[PDB]
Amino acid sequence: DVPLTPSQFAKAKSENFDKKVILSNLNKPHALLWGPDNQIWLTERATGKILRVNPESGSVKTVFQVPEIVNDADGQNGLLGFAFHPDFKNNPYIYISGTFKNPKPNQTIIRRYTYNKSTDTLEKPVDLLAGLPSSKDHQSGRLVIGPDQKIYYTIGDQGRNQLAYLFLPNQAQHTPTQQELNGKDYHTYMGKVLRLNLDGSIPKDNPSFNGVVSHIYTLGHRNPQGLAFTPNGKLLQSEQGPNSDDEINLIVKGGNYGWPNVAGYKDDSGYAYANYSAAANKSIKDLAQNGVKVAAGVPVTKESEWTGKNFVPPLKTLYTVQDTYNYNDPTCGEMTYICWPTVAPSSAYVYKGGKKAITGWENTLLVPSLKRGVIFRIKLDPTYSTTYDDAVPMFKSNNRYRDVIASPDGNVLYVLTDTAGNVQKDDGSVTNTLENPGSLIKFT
């Protein structure tokens, strides 16, 4: 898609909705879910707390706090995954993923907790899968259980080939060896959508890569923070691209999603793969022009020059631009990245409507934007095969939307907001003064 202008975003205030803050003092609220008790359960990434807010009153109780969660003030790590069991009534289990120190600097662990209604807390912990990659960047961590009862988990590319991890060789394309996988060497589990049994083991019907079946379901992802199933069993996803091509992808078994060789469509438009991990002298500066304009010494590969297999394109990109696009926009003062042709999707929620269904939102995908302070409504067709028209921005505000769910009746939306950060105001300029820090707000 084509970038919306600062003007277009500013006029997307969603006047037709009543805004109402439920919670205010929250420490990096990450994910929120509609609990099996008709209560909203959210998480705090830094602290590892699992709250339970009464959606009708706003009363909150700290159910449990995941112990030893590591969190870098400058990072995206901490308590990440968070899901319930499909049949909670009969199987009261909660699934999470978090950043924990690795005695042999950190690892990522997918852990199952056992819910005790009597004491109303989490007990009997079992590690489903550990030794997973960890860094301060692009951890992703969306954890959902599918219609097949499998754990679907997104694990980012750890931020390799950019910023702090500029010269680390991106492994979104890398797959494990039978020998490594046999030694629980999950170093390849970067930029992947994992699919695992409820005991952390490898599903026997998982896709094969290099003659090897592992926990990998799909590959070639950057920072896929959005992951949600549709009423008909399809897997929609939202992902963060580089200076461009944030995506809405349809996850399919064994599908290769191109990162880092391809950002968005394979069109050689506005992005080229500049591999800094192969640069001669590692002193070379990343010009931050999305690979379109690079410093001498860095091997650049056109997406069209990629010799990949099973490449699956996005259903939509926010946004795709041409090579003439200016990645240094003066409108964003110093924070030049906020003026990049992206929206920074923090999640992906599939709106199931209800007896109070918002009119015209049938088969829509809600995608919250961090940097743009909007929540996108992406309409798809009844079969969830394609998108109709564009991504319509909603609830414009000086806030960084982190997640979003809807009530059963489906007339009220609950969104989480970043405790702090940079967001684009009504003009093209930027600010770090967030209107609603670490909050759970409700739109009716």
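Residue numbers count along the first chain shown, from 1. Note that the rigid core is defined as the largest set of C-alphas that superpose within 1.5 Å between two forms. First, how it differs from the form deposited in another entry.
- For the listed set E305, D74, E334, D127, the sole C-alpha moving 2 Å or more between these two forms on a rigid core superposition is that of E334.
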Contents of the next structure:
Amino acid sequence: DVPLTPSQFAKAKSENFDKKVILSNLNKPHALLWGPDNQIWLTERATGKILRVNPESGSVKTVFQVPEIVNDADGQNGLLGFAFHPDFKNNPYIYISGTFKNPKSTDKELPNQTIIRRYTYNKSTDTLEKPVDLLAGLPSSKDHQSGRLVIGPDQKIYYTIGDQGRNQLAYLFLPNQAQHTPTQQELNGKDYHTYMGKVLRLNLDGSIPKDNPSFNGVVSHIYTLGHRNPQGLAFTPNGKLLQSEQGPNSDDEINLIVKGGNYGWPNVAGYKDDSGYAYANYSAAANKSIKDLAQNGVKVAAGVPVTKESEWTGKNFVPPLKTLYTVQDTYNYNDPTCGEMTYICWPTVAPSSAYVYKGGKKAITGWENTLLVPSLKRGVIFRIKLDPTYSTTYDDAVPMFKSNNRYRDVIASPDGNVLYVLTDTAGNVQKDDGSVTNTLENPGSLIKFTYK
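Which structure goes with the form deposited in another entry, now that we have seen the form deposited in one PDB entry?
Partners and other molecules have been left off, which leaves just the chain.
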């Protein structure tokens, strides 16, 4: 899609909802879920706390704090995945992922791993216990961790794991592994370094499903590959798997996740269109003193090999359902009209989640078959319509709830007339006038929006 302008974002104020801030100054609140007890459960990524919030009183209880979660103040690591077992009344399990020290690493510079872990909820003591590591030794870094964890209708865990930030910023010269897949020898050794930029599908005990797709002759936990930072993952009522993903300077994506698909990253951003992005592989640069011009690969410094999207030899490439947004090669990624933090005007929205709106007895008019996609950078939540079979999007991503907030997650109440949203505690967001602020209106908040 074509970017919206600052004025188009500014007017999306959702006057048809009442806003009530339930809590603020949460410590990097990250995921929220409607609990089996009809309370709001949310995670604090930085502290590893799992909080249960009564939405009417805002009363909070720290149900559990995941011990030894590792979080860096300037990082996206910490407590990430969070899901309830779908049959919680008979299987009172919570599944998480998080960043933990990796004792198998003596290197003090990539010191952590990601672990997918199950806890058991004890209703008598109202806490979590009996941890079981389901899958350990997963990559970890400060960037592009993703970590959305959902349980599918097939009773498998689906887990997004980002590309770790390779090929940008602090990890510029590390080779991006989104396209790489494990050999059998690596699987035998539990060497999961290729589990970057993937959607994994795991049995509930963490084992590899025998019916997972094959990539390069090997079935692993990988379900799909070629992702950058896939923070959103949600099943539709008819069993399809929708996803949102953050692109680089362009081409955030809404994807339909299909078994064995290749979502193209880093070779392809968005559509395979050679439009506004090319793959500049800094790990293959002539030397490490080269600078990233940060022009999305369209213009690069000498010495970094660039591959057009159309030059990539890909297999099973799956294009996005929708890009937020796609631009042409003439696009100026250094456009100063937004101010001197030019990225704010980049044709992206930084989607942080993806939520399938299920309606209910108070369903919001017109919202059938919608996907809600919060935006960190634009301070909106997008509503994306699909057809009733969830086979295509209809029309464009409609912005809602414009504010100076980095929206991090969204759910709806069972009745469907109330949305609950998390916001980041700190960061930059685009103001109504298009410029950047790091003054967030509701830092680290749980907000409810009630349809009038």
